[PDB]
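Take a look at this one chain, the form deposited in one PDB entry, written out in structure tokens.
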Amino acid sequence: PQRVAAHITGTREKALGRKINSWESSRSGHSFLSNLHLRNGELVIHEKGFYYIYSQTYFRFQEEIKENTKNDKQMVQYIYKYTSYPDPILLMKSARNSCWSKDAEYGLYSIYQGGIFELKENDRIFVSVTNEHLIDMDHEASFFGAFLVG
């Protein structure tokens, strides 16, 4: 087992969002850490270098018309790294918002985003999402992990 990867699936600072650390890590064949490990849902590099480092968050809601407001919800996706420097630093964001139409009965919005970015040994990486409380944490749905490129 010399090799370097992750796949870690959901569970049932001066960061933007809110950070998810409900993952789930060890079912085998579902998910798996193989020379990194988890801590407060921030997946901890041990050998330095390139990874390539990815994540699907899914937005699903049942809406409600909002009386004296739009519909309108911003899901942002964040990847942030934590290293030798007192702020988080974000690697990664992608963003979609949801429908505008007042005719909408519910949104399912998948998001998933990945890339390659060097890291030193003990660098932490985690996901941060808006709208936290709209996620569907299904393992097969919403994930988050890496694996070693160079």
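The term rigid core refers to the most C-alpha atoms you can superpose between the two forms while keeping them within 1.5 Å. Numbering follows the first chain given and starts at 1. First, how it differs from the form deposited in another entry.
- Residue shifts between these two forms, rigid core superposed: of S34, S26, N40, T83, the only C-alpha displaced by 2 Å or more belongs to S26.
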Given for the second form:
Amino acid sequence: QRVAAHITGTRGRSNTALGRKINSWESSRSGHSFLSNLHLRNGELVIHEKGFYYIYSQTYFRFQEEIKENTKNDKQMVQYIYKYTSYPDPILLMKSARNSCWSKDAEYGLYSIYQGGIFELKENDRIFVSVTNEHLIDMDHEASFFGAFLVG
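Based on the form deposited in one PDB entry presented above, generate the structure block for the form deposited in another entry.
Here you get just the chain by itself.
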């Protein structure tokens, strides 16, 4: 009867609308993701039950950059959590942002971005995660994830 979910970035386990919608999340039960009274459909969590939902997402920006010459290197990593209600356009719920180091000596960067919040969603609503610089995201099942659960 619980209503919650946490689905992770596939790709494998770690070593031992603006932006671009992330559609590679898992959609099946695993040892690190589940969907209880919610389901994934094209990278979007589909709500079944109306109510207040704490929604969250973590996205790992990990790059081993090289200072490119005739170009700017400043990076804006931003994670957007959108919703699709009975209205044509996607409505932004929250965004969290970072900027890489401006040091010409930067050799690489690791920027995990997490954010979460509660929003009232109606049945059939749909929520998803979007991001800039997706070619820099590390989708290991532990680095990046997405979930939501009922509250009240």
